[PDB]
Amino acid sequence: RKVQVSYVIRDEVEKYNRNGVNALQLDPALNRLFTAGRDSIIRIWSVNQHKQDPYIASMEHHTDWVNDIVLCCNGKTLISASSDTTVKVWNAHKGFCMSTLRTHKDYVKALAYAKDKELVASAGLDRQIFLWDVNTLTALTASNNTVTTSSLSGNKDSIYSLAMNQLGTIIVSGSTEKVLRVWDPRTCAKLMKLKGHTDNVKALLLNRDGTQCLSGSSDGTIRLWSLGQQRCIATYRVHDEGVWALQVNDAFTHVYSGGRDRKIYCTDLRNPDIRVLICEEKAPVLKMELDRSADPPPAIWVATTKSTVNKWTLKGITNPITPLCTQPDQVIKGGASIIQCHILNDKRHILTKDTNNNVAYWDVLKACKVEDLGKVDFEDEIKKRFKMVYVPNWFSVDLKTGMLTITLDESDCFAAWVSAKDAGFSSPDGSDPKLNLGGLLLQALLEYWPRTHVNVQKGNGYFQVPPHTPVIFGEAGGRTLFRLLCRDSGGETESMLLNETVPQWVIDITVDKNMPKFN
């Protein structure tokens, strides 16, 4: 119901992940790696040793965390699940968003894939799993706009993992319900309620023909289940804390596991005594992806809460508790997440602090960085820039992505009325009216929208936000309605979607050019 207008303060292209990565996907034929960073940016890299800067491309059409990604059709299509309650379909070769299914009610957490059927499934916190055909989604445009769900129901709590076998005949869902719920993706019927775990499950796996299942819960227990027998055949205890990521070899023999305890283990399912500590990462493991260039996997990629992604080799050809790797073979370095922020007393500028304690100075009005301050004291610098003039709060700062996301809500967006002379806008005739910061910023964001262009002007008449500044219209709570760059407002499709999406409390100021008034 209540719509808020947000925008991201960033560089036009962020090469490195400004946040952690939640999922990994590897293209074997093209030697490409897809990292689903929590900074709403899916980054494509090259996995060659010959590369020194292995950056390839970015896909930045998402809004919140990106939790799971899936490659399809020999690496031609990709499907991404995100915390913005959307499931996006992209071209994997050229890295651009093709479609955005806005079906989930809550966060979209996991994706299951079957490559023999080219079939995908999305699950999240909305207690519903949706099935999709890949070729049906790839043939979608603004004209071809027809695709509903074939939902599976039954989950008595939120879902956190999903998996399908290679043939695409059995699907399983892991929830905070502490119970694995199995369905038939072909007939959409409840099969069994495996009742073994005692905590939330965050990783699932299946063999090729869908006969055995692997489960990794937050209780430190890995579990191997026989499908036809409806029972857990084995429970391995190789981790101190929760198990969050699972991988298995081609023959469905060894399980590769990690989690809160950064230790990663390759444990033989037929004998748990045959386990090797691969490596202990610096951060808790979020997800892993095996290299399948040989039946003995050569290496494995690990994505943790940190921004960097590692590639650890698997070459045992020691004995006790030695980690198999003292340091990773390859490292894809990520950025630094803006962890702390403070708004000055003038409500015009912002002082931010990232992971490396580097302080930065920004102008939220102009939507740009002013300068980088280095490793200075944050509180001392806050008290060092002390301006006495009072300005009301007219916005909010958000770091759900790791970057600056400025949000404006209808209730207090137009609350700031500052003096033009105090705002820094020097008129040649020495004039000084009162200016609304919210209205000026709204007109700067919609500067490239011809519907606001009334005879003709273009902008607020004082400053211009960068044209690459991503503007978002989102519902309070988690729902994201629309997203586009500023300069992209000139497109006819974007213009119509704005005409339909822009709320009235933004229209009456940016289009009708009326006074904001009070309350």
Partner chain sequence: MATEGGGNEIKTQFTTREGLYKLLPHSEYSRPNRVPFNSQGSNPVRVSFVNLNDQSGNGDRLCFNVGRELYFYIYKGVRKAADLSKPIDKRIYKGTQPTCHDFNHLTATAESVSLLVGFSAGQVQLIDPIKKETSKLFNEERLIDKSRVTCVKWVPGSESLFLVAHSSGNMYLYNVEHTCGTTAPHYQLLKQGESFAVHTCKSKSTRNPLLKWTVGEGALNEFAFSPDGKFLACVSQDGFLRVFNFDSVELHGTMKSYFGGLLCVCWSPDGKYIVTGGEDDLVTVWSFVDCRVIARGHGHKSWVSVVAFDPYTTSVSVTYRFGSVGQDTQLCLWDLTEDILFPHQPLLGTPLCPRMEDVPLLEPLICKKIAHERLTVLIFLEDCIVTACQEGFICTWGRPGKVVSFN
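Residue numbers count along the first chain shown, from 1. By rigid core we mean the largest C-alpha set that fits within 1.5 Å across both forms. Compared with the form solved in complex with the partner chain:
The only C-alpha among 253, 74, 198, 144 that moves by 2 Å or more between the two forms, given a superposition on the rigid core, is that of 144.
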The other form holds:
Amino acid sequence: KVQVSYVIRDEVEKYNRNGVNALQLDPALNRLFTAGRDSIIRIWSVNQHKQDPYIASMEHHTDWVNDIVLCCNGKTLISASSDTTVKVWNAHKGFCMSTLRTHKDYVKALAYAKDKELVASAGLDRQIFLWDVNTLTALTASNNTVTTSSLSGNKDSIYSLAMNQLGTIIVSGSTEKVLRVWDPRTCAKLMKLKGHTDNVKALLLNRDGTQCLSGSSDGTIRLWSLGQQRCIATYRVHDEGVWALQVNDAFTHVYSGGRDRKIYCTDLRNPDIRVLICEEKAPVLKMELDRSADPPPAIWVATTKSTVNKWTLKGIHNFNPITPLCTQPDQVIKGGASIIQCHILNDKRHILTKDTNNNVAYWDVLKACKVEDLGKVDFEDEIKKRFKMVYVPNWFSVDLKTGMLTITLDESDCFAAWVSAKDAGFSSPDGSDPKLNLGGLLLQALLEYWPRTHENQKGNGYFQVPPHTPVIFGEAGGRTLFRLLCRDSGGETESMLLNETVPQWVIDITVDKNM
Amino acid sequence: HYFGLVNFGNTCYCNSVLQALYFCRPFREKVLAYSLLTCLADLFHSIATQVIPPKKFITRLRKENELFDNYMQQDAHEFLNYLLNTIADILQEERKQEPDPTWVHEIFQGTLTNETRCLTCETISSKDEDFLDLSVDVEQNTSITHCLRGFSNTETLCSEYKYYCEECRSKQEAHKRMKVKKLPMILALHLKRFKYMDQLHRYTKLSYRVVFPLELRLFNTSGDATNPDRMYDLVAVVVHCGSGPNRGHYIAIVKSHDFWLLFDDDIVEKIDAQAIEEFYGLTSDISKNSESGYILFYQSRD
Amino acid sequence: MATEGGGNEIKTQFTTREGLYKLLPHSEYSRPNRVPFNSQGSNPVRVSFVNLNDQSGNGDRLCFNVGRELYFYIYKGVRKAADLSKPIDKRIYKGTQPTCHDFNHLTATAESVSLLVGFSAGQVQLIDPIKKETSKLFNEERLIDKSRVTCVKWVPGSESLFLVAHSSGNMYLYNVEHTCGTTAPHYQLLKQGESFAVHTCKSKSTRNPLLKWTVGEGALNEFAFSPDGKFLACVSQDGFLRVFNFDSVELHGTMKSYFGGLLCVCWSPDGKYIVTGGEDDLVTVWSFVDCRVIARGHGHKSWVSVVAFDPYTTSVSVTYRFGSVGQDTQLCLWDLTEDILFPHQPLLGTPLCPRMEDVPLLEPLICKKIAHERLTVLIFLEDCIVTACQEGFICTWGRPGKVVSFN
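Please give the other form, namely the form solved in complex with the partner chain, since only the form solved without the partner chain has been shown so far.
Complete assembly follows, chain above in first position.
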């Protein structure tokens, strides 16, 4: 059940095309890392000296990148995605080194313990694995096997996951309402902390693994004694579900954001003096404090919008609190707009899209291009204005989960759409005008660089897709199976992968020419 | 010095429900103030005037509802559900001579929401449903108040069957849940004791012990729910003896002022509230007599 | 010809931070035939302990009832139960049946033990089941009250006073040595209050109903003396917990169930809190000093039958344990720690019956199905918990570390 997907995007896409899920920081190189709902992990530069913060993009995963962890002093980065994978990256040189495929559902969170270079992946498959970062980064193609280690316990899907610095407590948070705790060495269950009435998206542990801060969708933050296996305190600073938390170096002050949109610094010892730092534009998904100064100077914040703000906490000591501290950001990283709507047109070739700015635009699916921006124009009126009396059957599917256009071609309807070359827009001095197959005409423009589809030819003649367009061979509701760019097809290792991954049904009309 | 009805064949379904309905203080008022209402008013007038044979009712009912015509037994909930909104679309018709809430809807009517939630968005979408009966499924050694929480359990859309979130613009986990939003003036609780356990290609009776209090609040409530702590008082219950759907005998239990009253077929008997604990259900479950509750009528305090 | 045979279990252990508690069925007690009692709905199996000064070391004794029968044996805790076929005393009540009972802990020794026994008629008997010899039969004539007795207890520190309580929503004080009337004896008022009355016996001689205590609407389900003795906690079918100063005969404080009416009650071992099971499936936790609700506990699928603090797992940080058992056949254990007790420290009427949203809602540490029948007995002891269900099996759960001894 092997599909073929491809993406209609610019070669770089230097901005987040969708709302950011997770933030690391590397204080040696003053770089941010964003992890995007738009599949892409970008590296930034937090020098306000620089005008152009962008540095690189780190591109492999197919769905959302739900969480990231930076480790080995910024050398290595670990990513977890709705595409069910856990990926190991070289964060200096910005490229993916390994894919771990041991989860069975979205990998939803990642936890890190510096002092042993240990990470844990967890998610909707209710499972939690433990990974020694050092063995991951020595994965070759010859000593490529890793030995897997999990934790029994969770009875429902996991949404959050924290380890202490020492690598001696790990806490899962979950839709089970209840926090579960383990010792990562032995894997022994240590306790369950009953208390929250809802899912738990946020978890923090002090360095010693003796206290825990938990943020939940019940709208409360909780401070836990792991010694007295019970809840010490319960702070209700928000109206709505708390989905992110940071803490200061002494575990006295908790920064908290979520759906509410308001972000507060709260003093655990004195709740009634909370400073409302800001009301963000969107729901807060994650935060990361600037840890180069005690009184933490700054907090970076991610939301469902593609724009990533910093906020300074300059006046915290002298600043229900109705009045902000900051009313505008310190820095900004800018965000690209997201395609929120799609109409296939009657010809099953032109797509018409609306984005997060209400910028309508006209796209050729077959050739895999934009054609024209049409600005803040009405969309359903423009549907009409581009009506064409004709009927073509369905041959592809669209989805917008990345916020970029992602076209998918299943075996079943891919070819059920013949259109005659003249009204399709392809001339000839002959006036040949045969009934061409749009789906099949697409498959060979995608694998146009691949030698196995190359005597006295290269392509299907009538059109080329852009050479940067990424092609994705996936599985029905399944694992992403191989990924490349259109132009890269001719590479040595890549033709070997295309042999063992391209299904018979695409061999049929790209190699053999049967349909 | 008492009242009663008469058992022609298997009229106990009519008998029990009718008595139960007559002891609902706001129904009894509006049932006689002013078709099948014409015989219900003819019999509710005939009891306030004074063992009455409710003839006019039985063959009158056995004509214009052919499902009842049989002489075989009859599920007392089917009758209750029918009787009640047979009346309401007559009170709708007499309004259409001269989509508006009738006087049956002022009493037995309530609403409940079907909530759906992105566990990611945390955004939440409602689809309401009006009801007259609340039909609640039933387990061994339990309370209606537990069984009511089961009604409002959380179904979880996940894995290969995840939910497309409009806002999340993708496939996410979600929780679907039913909750009472508008509570009725009279909460009628049906206990689903008759369950088509299709091993045999048949129905079976569940003689499980389900306890019910005389005073009642609901925990199920919507959150946007309008009057969520309506205290209730047990007005009347329909017990039911026997061991199957079609060999049963229905009985009523009733409150008017202090006294509590049984109505077997004809035969009335004053019994103290202490005596309602016989009608909870069986533990050891000999599948035997299981004299046991079935339709519970709770009335608002306010 | 032939036919073909076409075609859920109880838990025997739980863990808690302390360790693994284990049901020990070799320490089980029941009728000697071991046949499960056919719970009729009629009236509850109950258990009562006493120590006879531990004259042998084997000084603990047990008494329970099963409809018409009533037994009395040597209770050997987590050791092999005493031979069930050879009681120390049996009793068969072909008339009205037992319902509750209580030993006097004070006048109690190898040669005599006073035990009084309530019945479903209203009677209260006074056996001494080691010598068999005596009896008494208070309210034999059914003239004081004809309703079934629900709770009977010797007064703390007394030898001769005791208290009984009936489905009528009344309680009566009795001296052992006095004697009941030939006719339904008269009273005149002593105290009057909002929802209770105490009358006192108008008689020119010493006649038993020393007094009659009237408490709210509906049956008085259970009462309980404060550990100190000074106060009395009363739960009634109208759902009020009414706590009284016993000596003063005045009303210390009240509490109302969210709904339903309250079925059991008990005191923390330091008499600082009361917990309360009822017909809303909940347990409630009440502060004596502050006269206020401090937590509810929702864990039970049916009505709550018995509640009891565990003296041996209670207490620099303050922590109580209590347990409940229900008509759902399940045992729940609970923890009261400082976050629920003292939220505000540094690091009809609804305002004596708080909103659900305003009071905390606790979760059980455990919640195990431990019998086929509805449960009726929860008792905490130095070496083990003791449970029992309507089908008359008296179960003994070894505490972690209390199963085996060495010296």
